[PDB]
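K.L.:
In case you want the letters, here they are:
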Amino acid sequence: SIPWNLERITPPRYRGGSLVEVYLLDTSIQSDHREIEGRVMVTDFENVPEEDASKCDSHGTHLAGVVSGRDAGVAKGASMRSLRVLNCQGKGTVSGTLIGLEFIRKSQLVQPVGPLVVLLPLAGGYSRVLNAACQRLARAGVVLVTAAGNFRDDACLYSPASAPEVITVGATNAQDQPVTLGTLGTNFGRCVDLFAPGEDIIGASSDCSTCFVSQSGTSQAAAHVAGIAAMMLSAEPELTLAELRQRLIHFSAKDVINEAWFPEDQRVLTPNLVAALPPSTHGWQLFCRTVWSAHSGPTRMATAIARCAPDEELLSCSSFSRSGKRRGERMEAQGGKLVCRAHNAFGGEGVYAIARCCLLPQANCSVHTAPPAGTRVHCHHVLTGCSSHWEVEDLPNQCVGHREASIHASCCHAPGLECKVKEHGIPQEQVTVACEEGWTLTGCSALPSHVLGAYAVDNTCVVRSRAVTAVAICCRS
Amino acid sequence: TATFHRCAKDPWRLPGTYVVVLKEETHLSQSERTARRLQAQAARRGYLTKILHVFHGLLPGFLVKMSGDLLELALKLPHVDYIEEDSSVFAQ
Amino acid sequence: XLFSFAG
Ligand SMILES: [Ca+2]
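Taken in sequence, the protein lines are chains B, A and L. Numbered per the deposited numbering, the first sequence spans residues 153 to 167, 176 to 212, 220 to 449, 452 to 542, 547 to 553, 557 to 571, 585 to 616, 619 to 639, 642 to 659, 671 to 681. To get the deposited numbering, take the position in the second sequence, counting from 1, and add 60. To get the deposited numbering, take the position in the third sequence, counting from 1, and add 1.
Same shape as in the complex, but just chain B:
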């Protein structure tokens, strides 16, 4: 009887959302449906384009039901407030959405409450202004959850999906595979933060006050995460956006998606995570996440930059190009904060910078660099990361690089933190080495035969080549 999706997000050990308010920007809703009655407030903010009643509130009623519905909702408690920015045909405007986001912020300023989650179950093309408005609202301290989009395409080409600081959610089905329906399906790529159930999701039907219907979409998926986030914020009202994101990632089911469903170049960029509620089991823990930059593009002096959130520390920095035409990467300071920068080679199509960004309070971190010598540098403190860059066209708390390369060590003073290094090598397109259960991968690199790059996937260090050796630095309290 438990809907498959609600079972899917239930942790392996288990026992909400009322201190939290969830805003919904959508079609009109049937607020008298028994799933949501008395739990959703209709603001009557409305900004929708002209067309070109049961059907009118179908989309919105279902999602309000996914988030907070008493029988089939994720966060059965939760309070919701609804804004109408989609018309009866489900169409809205960027300007209308902006006006809506502004309305939420004015409400907050006029009558402050607790943590806010804003669900944006909608998409248009890439919009500079819409992305900026989302970012600005995130920086004001509001959590935004958005749909990845339903076009079986790169989510970075859509808004608010591509919008920095917003949690972007793709949809997976009952077999934990990405939803695909012909030429349509879940979006994917590096702008997607995680996936959640978004096929065959039962919820409130606006046909009648007690009816139910199954719907599919990245909106349904985003609604699961809004519910999950609302529960997480009730339990821990002080979470920063970076902390909430690290928890959503940490508690997801990992490596459950068959990545063959995604286009080849998007596999590496797309996180293999299906959202789930935190367990009853939760003492301090080291949380890290992998942040891929935008591709640098092909200019000769091109650089890709991957950054961490203000409250995170950059513990390592790696890079990757599909061609292998790469000048490596370096950790460089910037506004008093370290970023991961990767360098394209002359004739390269471009490269990615790949940061490992971690929540490490009490950390004092620095970088130690040595110019081309092989080349070596050490933390003379724990080593959390090695990087290397070169300027040539071709070839023990210690990092070792190629003789023609500069080498950079990320060194932190973090008492109460233990780190070890685990190595693995073979004759090979991909070599792999994982931290032990309960350890957090902080750094991933290849021993210095021609590598495309290296990256952490959860707690597994992956090295890609064309005698290769993967090296993982793993830490815990």
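Derived by calculation from the structure, the hints in this document are not laboratory data. Hints may contain errors.
Partner residues are not named here, just some residues of chain B that face chain L (Cβ under 8 Å, in silico) [what the hints assert, rightly or not]:
1. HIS226
2. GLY257
3. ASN317
4. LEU348
5. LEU351
6. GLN382
7. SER383
8. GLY384
Simulated crosslink set (SDA-like; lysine to any residue; CA at most 20 Å straight-line) [unchecked claim]:
9. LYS110/A with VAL208/B
10. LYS110/A with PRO209/B
11. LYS273/B with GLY117/A
12. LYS125/A with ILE266/B
13. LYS83/A with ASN298/B
14. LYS125/A with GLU210/B
Chain A residues, not near chain B, derived (Cβ > 10 Å throughout) [said to hold, decoys possible]:
15. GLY106
16. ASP129
17. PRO138
Idealized CB from N, CA, C, for every residue including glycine.
Since the structure of chain B is already known, use the hints to place chains A and L with the ligand on it.
P.N.:
Only chains A and L with the ligand this time, still in chain B's reference frame:
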């Protein structure tokens, strides 16, 4: 330095309405003055305009219904950061 | 691609 942007998916564009985004610290009073100035400069050129909304609280700026002919003029207004043509969003 | 993938 002010730039123009419109949706790359041509069918999703909504020409004739523009979001005028002003520089970050621009004050509401200035946003309003800038909108009126646009309306005046347009009117002297024979163009009707309508200010649909003035933005403040996240981004400063305004929403304006006008011919795209006026975009060169509008990009030269004081405080302008960029202008974006309105476009469609959809239930997912 | 609105309403369960235009389904
Ligand atoms: Ca994102």
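K.L.:
Taking the hints in turn, state whether each one holds.
P.N.:
Results for each hint:
Checking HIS226/B against chain L by beta carbon gives a least distance of about 7 Å; that is within 8 Å, so the hint holds. A cut of 8 Å between beta carbons decides the hint on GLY257/B: the least distance to chain L is about 5 Å, and the hint holds. Hint status for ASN317/B: holds, given a least beta-carbon distance of 4 Å to chain L, under 8 Å. A cut of 8 Å between beta carbons decides the hint on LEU348/B: the least distance to chain L is about 4 Å, and the hint holds.
Evaluation of the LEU351/B hint against chain L yields a held restraint, the C-beta minimum of about 5 Å falling below 8 Å. Evaluation of the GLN382/B hint against chain L yields a held restraint, the C-beta minimum of about 5 Å falling below 8 Å. Using the Cβ-Cβ criterion of 8 Å, the hint placing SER383/B at the interface with chain L is satisfied: the shortest such distance is roughly 4 Å. Because the beta carbon of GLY384/B sits about 6 Å from the nearest beta carbon in chain L, less than 8 Å, this interface hint is met.
For the given pair, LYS110/A sits about 18 Å from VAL208/B by alpha-carbon distance, which is consistent with the 20 Å threshold. A C-alpha spacing of about 16 Å is found between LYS110/A and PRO209/B, which places the hinted pair at or below 20 Å, so the restraint holds. A distance of roughly 7 Å separates the Cα atoms of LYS273/B and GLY117/A; the hinted pair therefore holds under the 20 Å criterion. Of the pairs offered as hints, the one joining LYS125/A and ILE266/B holds, with about 15 Å between alpha carbons and a cut-off of 20 Å not exceeded.
Of the supplied pair hints, the one linking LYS83/A and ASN298/B holds, its CA atoms being roughly 16 Å apart against a limit of 20 Å. Taking the CA atoms of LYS125/A and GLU210/B, the gap is near 15 Å; set against the 20 Å cutoff, the hint holds. With a minimum CB-CB distance of about 25 Å to chain B, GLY106/A clears the 10 Å threshold, and the non-interface call stands. The beta carbon of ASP129/A sits about 20 Å from the closest Cβ of chain B, which is more than 10 Å, so the claim that it is off the interface holds.
For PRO138/A, the shortest C-beta to C-beta distance to chain B comes to about 19 Å, beyond the 10 Å cut-off, and the non-interface label holds.
In summary, the structure agrees with every hint in the numbered list given earlier.
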